[PDB]
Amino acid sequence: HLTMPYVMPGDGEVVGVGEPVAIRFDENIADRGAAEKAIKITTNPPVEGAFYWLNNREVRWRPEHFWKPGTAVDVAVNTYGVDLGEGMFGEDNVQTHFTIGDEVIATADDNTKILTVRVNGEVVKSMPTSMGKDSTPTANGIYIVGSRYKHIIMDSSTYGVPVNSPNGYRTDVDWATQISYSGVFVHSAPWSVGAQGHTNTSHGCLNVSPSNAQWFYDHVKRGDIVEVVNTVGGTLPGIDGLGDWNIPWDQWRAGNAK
């Protein structure tokens, strides 16, 4: 009858302008109002924000617009002993303190097949890209940068197919930056450099050259933004995990505690 809260981002971290505050409990929360009342978020410079639940275990808090660089954020999760409903009580308190770094916004336009990275407003890279093919398109929308991997094996088991079976495969991938929980990454794709800037060839990921992928890995951080426009796909769900900014402010602010 105890549930532990876990808070992101990490204490002392510098994050990008799109990073939400996240509180994820290890059990489903029956009384969302009780949980929200127990979480106190302070910012400097002061800016208003609000809570929205992505599912029964995890609540997010963010402002209306992307954070101002330099903002310092204190999060007090004062859940110890709090009745979170159906006889579940908060097992402990948590806190975190973080700051916002440079504004880093990369825009991938399917009309041009270019991924343009802007750092504090300056165009710093114009990367040819190859996105998802028509049958497996990359969704449009605002994506938040998550984890980064120098090397990762992307294999067929992600789509339910065993690696050693006739249609199985496993691919060594370098410089992979996650931008959705649905499985979209910006990564090195040496095999498709000819297509990048011209044709979409992937299962949904943003293929770029080895040089550009390493640059992206080295210069982006958790909470930075990738925006995809003009693809034949739909829109990234607001509840993806890294899709929070796709929910309009009035819906987000109104919340879903009840």
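Numbering follows the first chain given and starts at 1. Only the largest set of C-alpha atoms that superpose within 1.5 Å between the two forms is called the rigid core. Only residues modelled in both forms are compared. Compared with the form deposited in another entry:
- Just one of the listed positions, 72, 119, 163, 76, moves its Cα by at least 2 Å between the two forms when the rigid core is held fixed, and it is 163.
- Once the cores line up, the CA of residue 172 ends up 2 angstroms or more apart between the two forms.
- 155 to 172 is the only run of at least 3 consecutive shared residues whose C-alphas each shift by 2 Å or more between the two forms once the core is superposed.
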The other form holds:
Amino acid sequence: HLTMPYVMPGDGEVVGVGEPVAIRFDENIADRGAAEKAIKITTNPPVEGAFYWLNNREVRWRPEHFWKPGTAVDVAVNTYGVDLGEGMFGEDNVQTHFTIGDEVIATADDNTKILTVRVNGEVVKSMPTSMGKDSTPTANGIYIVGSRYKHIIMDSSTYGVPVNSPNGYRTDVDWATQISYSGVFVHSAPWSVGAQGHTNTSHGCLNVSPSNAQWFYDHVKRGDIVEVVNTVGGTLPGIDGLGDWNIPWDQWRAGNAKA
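Can you now output the form deposited in another entry? The one shown was the form deposited in one PDB entry.
The text that comes after this line covers the one chain and nothing more.
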């Protein structure tokens, strides 16, 4: 009846302007309020933020707007010996200090079929893209950048979907940057360079050229932002794991501690 917290980002990391503080427990938290009260976040420059639970084990904290570049963040998870409900006690404290890096926002516009990368407001790259075909479109919304992979075998069975079934797929890809836990990536697609900038051909991922995908892998980092606009899709779920910013601030701030 002990639970161990884990905090991200890790100590000393530099992350993009979309990165939430994440506190992950290894057991379901019965009294969410008790956990929230044990977690104090210091910011410099100071900014308001709030907690919102992504699931029963993980709470996120973020501001109303993307973080200001250069902000220094200290997280004190003072859970040692704290009663988290149903006789479950925190096993340890954890702490972290991290910093917000440059503002990096990449916008994929389905009306132009270009993915434009802006760093502190300035265009540094314009990449033709091919996104989800109309039957399997890319959702609009705000995506937080996660992990990156030099090579990945994308296999829909990872997500419980058989490869030889309607929503299945299996594709070996290079230079993949993850933008959702549901399996959306920016990646290399040499076979669709003709279509990039013209027609959508994918299952939902953002296909770009090999040199552009490698550039993206090299220069876009965890916590940077991808915004998709003007597609025929829906909106990325707020509780994806990297979809936090699709929950409006009024709802996020109200929280879900009594749920």
